[PDB]
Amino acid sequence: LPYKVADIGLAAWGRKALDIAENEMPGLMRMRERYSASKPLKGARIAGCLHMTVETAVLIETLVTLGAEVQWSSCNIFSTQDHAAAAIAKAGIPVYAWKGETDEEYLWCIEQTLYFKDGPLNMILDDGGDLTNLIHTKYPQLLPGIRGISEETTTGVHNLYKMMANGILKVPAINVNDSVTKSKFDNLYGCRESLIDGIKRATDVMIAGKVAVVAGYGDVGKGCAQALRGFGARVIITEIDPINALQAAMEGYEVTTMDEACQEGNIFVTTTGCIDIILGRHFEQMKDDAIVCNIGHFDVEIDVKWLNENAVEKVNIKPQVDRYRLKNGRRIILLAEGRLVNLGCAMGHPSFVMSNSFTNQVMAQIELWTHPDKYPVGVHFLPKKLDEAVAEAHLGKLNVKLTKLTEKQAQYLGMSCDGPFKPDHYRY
């Protein structure tokens, strides 16, 4: 089996989508402009485990343009876009991914990416840690032949630190999740674009003139709060961290508890990454047809089980939109069954966000592959200069003219005119 896709005939529709996405992903296209001649990944045999979307197809074809051998599988059973996968298969690349895999087929799809034309993998590009854990626990014989790992997920990086503390990790790993360019686009800018899009497709509701309660004021909360405020909603924040709580107050947001705010809100958005945020006792105080949704962590934040078990009516309105009637006579509108509203009720992040994340991945691959004896086994942050480079790559598309330091200004500032321009502890 050279690949496995749902329908190869969808390749043409995929290529048209790719062509449109390329123009919103200038960071990846910049890497093609810079590195297509020199091919810094010639020799590399990269196994990738990452959502097989249109955006990811741009990543895959960028890596190939840089000289690498690439074989791919999706890191989720439902997230694949079949036409994107088809387009990649038609271009010769071994890709094992389709929408609605079984749990057995998911494991099998990863298995087909380990050995290549010219022997086993020597690089891992990862999103969730599933490819990394499969090698270590099942195929540890292959570990010495692997030069490096890239990982861009919070779960995956926590897992990498765990493997290092337990002495299990045997390959140097670059964490790109904590890049400024990755984190700000994935957490803040991304959710700022897509939140209200999810709410609108689901409900078509008037945002302006409503009280909106956002639980959490981290990067995701900041983003959501800014989007809602922009439409003319009155935004109330809840926070546990007094620093984040202070930030909110300094922008003019009311900051209070969910115990208080549940009587106020017309819309509730959870962004905490934490369990037990919206509970039965909160639901019972809510205004009629209050909209409740999550954009934070999987499905743990809203007590959905409570609604199923305590409501008198549950009525499906349209896909991923349920309207529960309670014992008190009032209604709750739940979106995406408590799951991520931006993926359940909308299309997730825009292409431009994904460009920042995936450009970080490309940087990490080059850095590990081109500099073998520069990273010992262990989890490493992406160097700042490469993080800056990711940002630089996107400035052209953003109509931005960057100023260059003069030799004299550099000397005064005690930094190189090429970077990095900030110390490692700098918060931006």
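Residue numbers count along the first chain shown, from 1. What changes on going to the form deposited in another entry:
- Hinge annotation between the two forms, restricted to 276, 337, 381, 155, points to 381 (rigid-part boundary).
- A rotation of 16 degrees carries the smaller rigid part relative to the larger between the two forms, according to C-alpha superpositions.
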Second form
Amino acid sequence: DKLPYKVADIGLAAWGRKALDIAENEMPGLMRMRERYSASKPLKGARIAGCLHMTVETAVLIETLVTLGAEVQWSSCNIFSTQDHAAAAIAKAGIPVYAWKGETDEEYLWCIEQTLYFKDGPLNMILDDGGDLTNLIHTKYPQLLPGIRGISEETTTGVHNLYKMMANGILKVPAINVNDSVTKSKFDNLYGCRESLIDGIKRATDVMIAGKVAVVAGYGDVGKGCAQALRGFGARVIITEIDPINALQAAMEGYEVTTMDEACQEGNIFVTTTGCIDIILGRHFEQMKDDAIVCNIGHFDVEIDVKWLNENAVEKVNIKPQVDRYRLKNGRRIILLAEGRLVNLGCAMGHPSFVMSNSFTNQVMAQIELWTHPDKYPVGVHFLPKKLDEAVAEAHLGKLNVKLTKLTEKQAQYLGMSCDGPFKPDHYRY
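Mind sharing the form deposited in another entry? What's above is the form deposited in one PDB entry.
Nothing else is written out below except the one chain.
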């Protein structure tokens, strides 16, 4: 009596498959995993439930896992991020996926629920992005915890949740922090938003970036990438921060660092990257230049007070999907993107596949680790070993034609390290 899947239109599978074919060729890390483990099926027995934006990239990840032997059931971790042609290709391949662009909140929860129970038994593995699946199980289905061998978590906000849970005796299953592998945080969060933040603002508004003042709240890995992207197109970028170290980094890169109370009067474009609530408020909106564009790229839509706009604007015109233009009592207009949900995935296609290969190779490794070597992972939050982190990167060098240097035995002795690595201490920040 249960649907085998639920997508917007199965008819999009052909276009989706073409999409995955091109993407596969941009994802050597995932392709190399299949080449190494399709034969031995290290994930045989795993029943992986995934909750992570259902995009072309995620479809290649899903099929990599299946190729490695696991059974997979998936849901998106955002109501506007699914790419329907990718979801259809997956559904068609007979993998249970419950996801479509533009879900309601009740449907969003429903979709995650359809992934918990497989044909032959509940999930024994979690692949999360944001902690929603992780929190659902720990709060509504704890009984399933003993049957779950591990959790791998994709993003900063989900990772922070995990540490809050572990600090409070709640975390009941071993978890690998994938966000913090170097090859994820210093590539996906940085270089990925550097390209997909602009993509989302452009597809949504077609606005010229050059000449504009842009305000980026937060200067973490995401803000660093966003600020760099905007400045490369000629915007004057202003940064807001709560952390004196990130603030000093931004100042030393030539950015004016000040508060939102002050910057709201100057910005033409606003991007929130903090992962924190109450960044852009009604008091900020009333000070904004006419047609200021306001978006969020942080995991959850908690940074901008969109409720305030809906309750206080005198007009609200939908320009196209995910693009709303309000008119306030002061007569001025505000362009709001994706109703405040992460703009790169809501208004465009997320990070390009090559960088997502770095993130997802980390994810496959984490799944294998937890599944294949549970004795190595006590309940808590862990990091993939540096040696695996380095392997992720090495798997992407050939595609770029990078010729890496090999330490001579003489050099390796002088440096006190192995010719095959790890080449850095564990506290290295890269």
